[PDB]
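Starting from the structure of chain A, add chains B, C, D, E, F, G, H, I and J with the ligands where the hints point.
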Amino acid sequence: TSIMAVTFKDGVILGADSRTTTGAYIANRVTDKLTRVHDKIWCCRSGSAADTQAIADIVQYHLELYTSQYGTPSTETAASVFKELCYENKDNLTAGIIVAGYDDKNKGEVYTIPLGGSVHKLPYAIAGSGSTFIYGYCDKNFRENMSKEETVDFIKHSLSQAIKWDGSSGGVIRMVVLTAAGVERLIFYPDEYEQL
Amino acid sequence: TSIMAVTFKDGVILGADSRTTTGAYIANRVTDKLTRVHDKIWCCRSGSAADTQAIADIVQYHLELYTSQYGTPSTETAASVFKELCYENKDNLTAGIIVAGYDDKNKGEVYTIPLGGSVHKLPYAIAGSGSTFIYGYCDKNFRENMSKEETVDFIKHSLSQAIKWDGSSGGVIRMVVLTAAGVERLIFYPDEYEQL
Amino acid sequence: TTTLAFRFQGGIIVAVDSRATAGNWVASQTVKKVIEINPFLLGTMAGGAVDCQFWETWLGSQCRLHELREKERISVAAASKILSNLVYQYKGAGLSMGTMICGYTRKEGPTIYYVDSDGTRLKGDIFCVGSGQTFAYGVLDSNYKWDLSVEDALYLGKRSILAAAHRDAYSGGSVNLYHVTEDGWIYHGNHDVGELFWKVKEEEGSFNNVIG
Amino acid sequence: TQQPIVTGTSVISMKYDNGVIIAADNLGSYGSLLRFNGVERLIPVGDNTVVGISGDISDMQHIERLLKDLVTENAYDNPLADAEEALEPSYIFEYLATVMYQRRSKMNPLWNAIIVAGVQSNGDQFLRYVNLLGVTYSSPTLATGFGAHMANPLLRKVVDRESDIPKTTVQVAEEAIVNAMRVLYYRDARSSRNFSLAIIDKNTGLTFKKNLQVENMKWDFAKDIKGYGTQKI
Amino acid sequence: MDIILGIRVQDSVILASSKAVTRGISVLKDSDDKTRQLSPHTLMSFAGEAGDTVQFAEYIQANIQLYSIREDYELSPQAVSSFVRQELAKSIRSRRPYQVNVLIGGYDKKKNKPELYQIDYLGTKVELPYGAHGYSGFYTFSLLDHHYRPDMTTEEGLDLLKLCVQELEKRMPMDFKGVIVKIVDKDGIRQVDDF
Amino acid sequence: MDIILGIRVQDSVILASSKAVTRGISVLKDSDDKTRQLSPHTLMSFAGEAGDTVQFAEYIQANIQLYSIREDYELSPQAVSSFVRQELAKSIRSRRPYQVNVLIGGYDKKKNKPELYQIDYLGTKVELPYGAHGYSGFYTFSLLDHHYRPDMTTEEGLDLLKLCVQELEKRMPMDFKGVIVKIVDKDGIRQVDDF
Amino acid sequence: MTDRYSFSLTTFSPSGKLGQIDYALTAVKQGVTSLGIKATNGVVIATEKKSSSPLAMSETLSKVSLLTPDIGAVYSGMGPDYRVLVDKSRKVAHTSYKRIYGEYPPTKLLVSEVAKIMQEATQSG
Amino acid sequence: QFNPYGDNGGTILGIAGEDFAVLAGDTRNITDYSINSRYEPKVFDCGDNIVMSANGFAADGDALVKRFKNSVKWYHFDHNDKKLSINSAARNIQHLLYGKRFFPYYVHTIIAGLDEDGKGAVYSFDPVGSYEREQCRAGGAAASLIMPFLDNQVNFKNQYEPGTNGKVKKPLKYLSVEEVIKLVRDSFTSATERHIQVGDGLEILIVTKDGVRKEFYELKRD
Amino acid sequence: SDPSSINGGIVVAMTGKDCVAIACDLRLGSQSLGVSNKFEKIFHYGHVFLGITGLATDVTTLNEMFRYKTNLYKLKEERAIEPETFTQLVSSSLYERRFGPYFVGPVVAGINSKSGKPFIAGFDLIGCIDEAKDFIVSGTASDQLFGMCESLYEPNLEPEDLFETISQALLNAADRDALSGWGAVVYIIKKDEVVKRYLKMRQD
Amino acid sequence: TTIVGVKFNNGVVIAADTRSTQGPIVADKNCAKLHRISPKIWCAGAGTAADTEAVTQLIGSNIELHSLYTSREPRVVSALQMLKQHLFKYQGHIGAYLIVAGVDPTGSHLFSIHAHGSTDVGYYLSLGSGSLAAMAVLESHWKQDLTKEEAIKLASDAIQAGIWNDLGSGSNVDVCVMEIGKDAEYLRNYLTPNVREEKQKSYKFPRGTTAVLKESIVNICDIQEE
Ligand SMILES: [Mg+2]
Ligand SMILES: [Mg+2]
Ligand SMILES: [Mg+2]
Ligand SMILES: [Mg+2]
Ligand SMILES: [Mg+2]
Ligand SMILES: [Mg+2]
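Chains A, B, C, D, E, F, G, H, I and J, in that order, give the protein sequences.
Take the first sequence: its position 127, counted from the start at 1, is 146 in full-length UniProt numbering, and no numbers get skipped.
Take the second sequence: its position 40, counted from the start at 1, is 59 in full-length UniProt numbering, and no numbers get skipped.
Take the third sequence: its position 56, counted from the start at 1, is 131 in full-length UniProt numbering, and no numbers get skipped.
Take the fourth sequence: its position 23, counted from the start at 1, is 56 in full-length UniProt numbering, and no numbers get skipped.
Take the fifth sequence: its position 100, counted from the start at 1, is 100 in full-length UniProt numbering, and no numbers get skipped.
Take the sixth sequence: its position 13, counted from the start at 1, is 13 in full-length UniProt numbering, and no numbers get skipped.
Take the seventh sequence: its position 3, counted from the start at 1, is 3 in full-length UniProt numbering, and no numbers get skipped.
Take the eighth sequence: its position 96, counted from the start at 1, is 115 in full-length UniProt numbering, and no numbers get skipped.
Take the ninth sequence: its position 147, counted from the start at 1, is 148 in full-length UniProt numbering, and no numbers get skipped.
Take the tenth sequence: its position 95, counted from the start at 1, is 124 in full-length UniProt numbering, and no numbers get skipped.
The set of hints was computed from the structure by calculation and includes no laboratory data.
Where hints are given, some of them may not hold.
[To be verified] When the alpha-carbon atoms are kept at most 30 Å apart in a straight line, the in silico DSS-like pairs for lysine-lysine are as follows: (1) C:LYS107 to H:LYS186; (2) B:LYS167 to B:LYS28; (3) B:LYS28 to A:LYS167; (4) G:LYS38 to I:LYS77; (5) J:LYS182 to H:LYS176.
So that you can see chain A by itself, here it is in the shape it has in the complex:
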């Protein structure tokens, strides 16, 4: 798995590959790892698919019940609920989740929650097996307050390299753009990103 979330001027973009493996067999080559817990709060999932699906479903439930009572939750609040589940059940979970969301007050925010269940607010985050190969590239190429087109290129180039080197990653590059304008899904195929 190769996943990342990047804040930019107009908000935040989540990116992910689509490969799910059982050993060396690709069980699903068109997986959707970008999952929605609220209208403009999404997450990238890595680790145990069962665990991360179960967690996400519980978070979506919590934020739906939160919204019914207290109105739209913050991205920080969503990250807190993720953390609470991951931290308290750390012995029985293998989950590495990046939380990304768009408020109007706070704008684009990215939180990463690694295996232990800690929370780290960052300008951008990378995770999954393929992330190891792009720590150098992403650190050298990331800038704050990029445009939408620049951020899409940054994510596309980054995950392209992660896919190139990581056997556990591959397929299509899915992306979800979170801004004031709304929610936009993007997809990029092998013939496009491999030649980069």
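Coordinates of chains B, C, D, E, F, G, H, I and J with the ligands only, in the frame set by chain A:
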């Protein structure tokens, strides 16, 4: 450990960090991992220090005896001797060696010899624990027939990132330039490369 | 450790060594391996020291509650079975116990029950428990008679502990003697094995192998 | 029972004549990966206490929330919450020490080593240690992890016993701490150049210094070192 | 403990059980009676792990004695054996199972027939003309298979039992210190004091 | 095998050795002689792992018999015991060590003295007035410590030996099927056929 | 190949003489004079440096050799044979003594070891 | 795997006099080859003229001492400020220890004080609660170095009266508090020389009818 | 299981004024079982004395080995071996079995016949020399001996005073060890006389 | 154990503590850890004490024979090469960890050697259980162009850090100074900061205190004449 060798227009340059660790303790922070097996055939060492020192010393002996009889050996020949030792004794060795050399006929050549004892001739090679973090960066930034100054910058920037992310790597960035002109040693200190 | 107890005409003799070891290290030479449950009942300590201590003083509390409620001395059978049923509840948890519950009542006469941390409960005439038990058994079996005098019986128990104290590395220090009668137990002193060995060697002519 | 995932390395500290100093780098390692470079591991409680934490970062964040909650709770129905009935370093420590030992006794520890540094109401210096086992001890100098092996020897040359504390100024104490942090950067493979330092003085109060860097490093001698024995070039 | 044998003859059931009690290196006792009277015409012998054997036997005894008082009636050997089997079958899936094997020898006063039941610690019940537990059967069954007749007298059964014990004493490595023999018939339970 | 005892009295050495050979669940033999005559006035009893015991004993026997022929002279018990010890000490650091414990009872014709040597499989030699191997000493040494005198007659030694065997038969769990007793004195080696 | 000379080249002649030893002594007789004198507080050994050529640096040719810090040797006869004997004598002082007893051998025992080596060249194949 | 136990080193020594008692212990606290503290008090005044030390794993040591001090406090509340006698304290500590029989306090506990007749008393406990009154007891790291010395110099073991040659033992004459303190100091000085975990400082608590007094002495810091 | 503590036993050596002392217990056992009360652990080759603790078969084997080697030494050297030289021989002999060692704790004691200087030395099972001025200890009660020696010992003791010190050090150490005791022997060694004394002690 | 090596102007200095231990017990309180490979090549050892002694004597012996064979004074690189190839062959089973220092016709040298056969070059080095305490001092006070007097001070201060802070190290400081164009000076017990204080009591017994069974004269002399 973070090590690499890069061919360029005038020949080849070997690069390395200087950190040697025993667990989390830095046993030596000024290690020289760029070792000479012949006048213009050097190698970068990763893995067991005892193993790679023992191998290098044996290769240097073999190439010294080769030279006495048959004149200057090729870089391919040096890589072959490394391979023979690494392959035949694979059960008792933990060695990851990059061989780099300059002929006048063949010019700059780079051979990598990973754990198994296989040989791979490449335009450039990266290895060691810190190499994982710069596969993306090096693949995106490497060009063939670079100048001396460009290649030094490429290696400096690459190992800077490897050092930044890998705890097992650090200290100074040592480099050795192999060309028709001769053998030039370079050193770059933390205050220089950290701010890149 | 070496502990013994045997029934005879004059009641029960209880005899124990005094040594406690942690590996090869001799932790103590002055350990009390006879628990005075009450003035009429005695228990021996082998296996786990605390397990024997704790649960046999607890047993004394249960015996006291029995005779308060029933206005009558508890039988040795009933006292031993309270302890055995207790340790049986703990079976598997890792209690370590090998003890003789000794007493002398009207209805039973002199009675000895071997109680075990595996839940074993055996009535018997002669019992020997500990690392030096085999040495004590030899002296006991070859010299035991029902019609022993209180004086000779006390010596036999003392001599049998000495036999074990000499040969068994994890037994020694001193010998504690008790004589259990119907009216209660009677303490018959602490006897240093070092001084006792030479005394017995000379007077008895035994241990010719040893130079003195 | 768990294993630590995201970890923080050495916390070092020492007493001086008017108070205590404590320091810790800003790194959150992920095994050999130097993952997070902006982690604050010194957490102040009020204006008289600083708790320095090493080990598992997720457990550190949990402890950070317990201390935040402790301040809130102390203020409840407490008119003297900012005066006579404010939280003391000794109260904060004893609470943590209780929690650490309880958690180890349930076989589910907070995988940390903690140093509580502060100044009491009467001006007395407070410096005490507690870890995942609930083991506690006090000393003129205290350090966790690698700091114990490399920092303590250096800090003990300044304050070797109780009688050396009044003779040690804040400038000398801070100098020793800063030098110790440099030594740890040379020699600890799980350390970073960036660190935070906190001074708690009975006169000047709590001074919290962020974004400090290890400087005046010696590396020039590396150029002369060649090979591993016989090599000359 | 070690060896327990059982044989059902014409008009009685005979149970033979070893007297030795070994605790590790030593033989602590050589006169132990490994049996309990459950009712006037029902006897149960037992062998297995220390403590569990007697604890289980006495627990069964108490339950059958309780039934006898409540109903003023003696349960049939078959009924007692089924109760015992269920307790052992319940035990095998418990937190800490009873490690006890039993033989139940009884005389059914209604049917006027002797009955021998063999039940192991798993709750495996079988009605047999003769039975054993552990290694005892390995030495004795070939003799019993050869000599046994359903119309044997009590005296003939005891002679065949002596031959079984003699074979055990010859070929078994362990010294089990002889056996206590008991006979269950229409008149009740009695011990053969010379064997 | 199991139990081997030795006692040095005034003018002779007495070795007692069990007769049982138990291989598996069965006692295959009850008349096995666990001893070899090394020379006319030197006897060696042995106990340990199957095969190794007899192989080792016969190997020693052959070597001492070879020496006796070459020099036309009988080695002293001390000399024989030292040779045996060295072989066992050599054996313990071998690829597959001899797992054999021995007692060497001999009469020194030069000194006119009986001598008993105890040697375990490690090559641990001790000269003793009485000795044993395995668990045998645990049951018997307290009796020997009490009764033994250096000026005992052969008949008194045999009586003390009977008491040791009786204690073993009482408290040992294993049936060792009695003992074969042999006496080593100035006249040579002879077997006590009734014991 | 293989050394197929596994038999003695020195043998007793009918008169009882060991020819090769006598002939070796003849070669020693032709050799340059060397001597030794023992005093109460020391020993001296001496010889002539017979230079084969004046262009040769006779300082590089050491006829007198240190065997141990307290033992020295000088010879007469064939120089190359001496040189290898000195090498063996130095090594045997370590392998068969210093590495066992942690000290250098006494003169007589080192001499004994050198003598043994020379004896073996008189009997070996 | 998580290991809930640790070894904090240290060595303690309790000696019962005729009308007094001492409980001594070094002040060094360690893990592995590192020193945590050169002065970390190990012997504590628990009130009612009782002194206590729980040596071994310091977390369990502190926990036990804390619970016993608490037990003294509640004994006063429940029983009309009655003084907790040393024998009663000893039995109480047994139950505290045995309470955790299957997850023990990894410590070797010693208490000291005066019995109800005013005589010197020392009680010694194993980790799981087995206890016993003793005249002399060293505990902890250098216990094996100290006890044989005490057998010889306090109880006069293996010492006989000159001239008699093994026939008459040296008489067991009573030692003063000044004499005991000398033996304690020499025990710890010797232990410091030959045991790496022993050193830095020696703290002695002396119990008499007048109360509890403290004495401190330096030890080698290497 | 642990070869160095199957048989049990102890040796201690001390220096005095113009004298050395070496002492040992007499016990040989099979773990808990006491087997022999006459198993002496001190041997001598000329004027050099060697104590050996540990596995009893190796104690015996090494004694026979050093008798062998010191006998050949004497025939070739034409003189008795000295303590300093013998110490190096013991060290060399143990280390040649580096990866299959004798499970022993040797202790050398003696006076150099030429210089008259008292000498003691100790080794681990593998050959490392411990050349202490004051004392050397070895065996299953080595901790106890270290404690006794450290407190009881003072330098420049006269032969008859040194006897009392080493005897009391051994006895009280052995009485705190299950696998040591059953008698004891003390050698008092002067330049040209050696006295051997058997001590009376508890036999448990 | 704490051992250090420090380069200076015209040579090199090594130092070591003097405590050898058996687990938590101090076997020798004044052990000599500074060993001689050749007159001007010295080394300090940590790890398995028999292995460090054995390997230095073997290489020291072969170095002497090599020096005699070549008519040249021994070089540190020769000791280094012989040590590492020996240790590598035995794959760490010979538990020798050494700091090798010395002077020769090539100059002054300082190396470390680990048990598996790896070697390192440096201006300042430390090995043993107190190496971290010692290295802290070296990293705090080391500079280029140290004088002889400064290097001795630094080396011994680094050993002291180990003595006080490391439980595996203690007692005294041994130092050896190897300067170019000079005899190497071995300074046994250069510092003595751990003398035991006088005891409170004398434990000299009255004569006749010990019970004796038998006395006898031992015959140490040979078989006598006549
Ligand atoms: Mg290897
Ligand atoms: Mg780094
Ligand atoms: Mg034996
Ligand atoms: Mg100390
Ligand atoms: Mg003993
Ligand atoms: Mg004993």
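Now for the hints, and whether the structure bears them out:
1. C:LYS107 to H:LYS186: holds, 28 Å
2. B:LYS167 to B:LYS28: holds, 8 Å
3. B:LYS28 to A:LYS167: violated, 39 Å
4. G:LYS38 to I:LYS77: This hinted pair holds, its Cα atoms lying about 23 Å apart.
5. J:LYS182 to H:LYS176: Between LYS182 of chain J and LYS176 of chain H the Cα gap is close to 50 Å, so the pair fails against 30 Å, i.e. violated.
Taken one by one, the earlier hints fail for this structure at numbers 3, 5, listed in ascending order.
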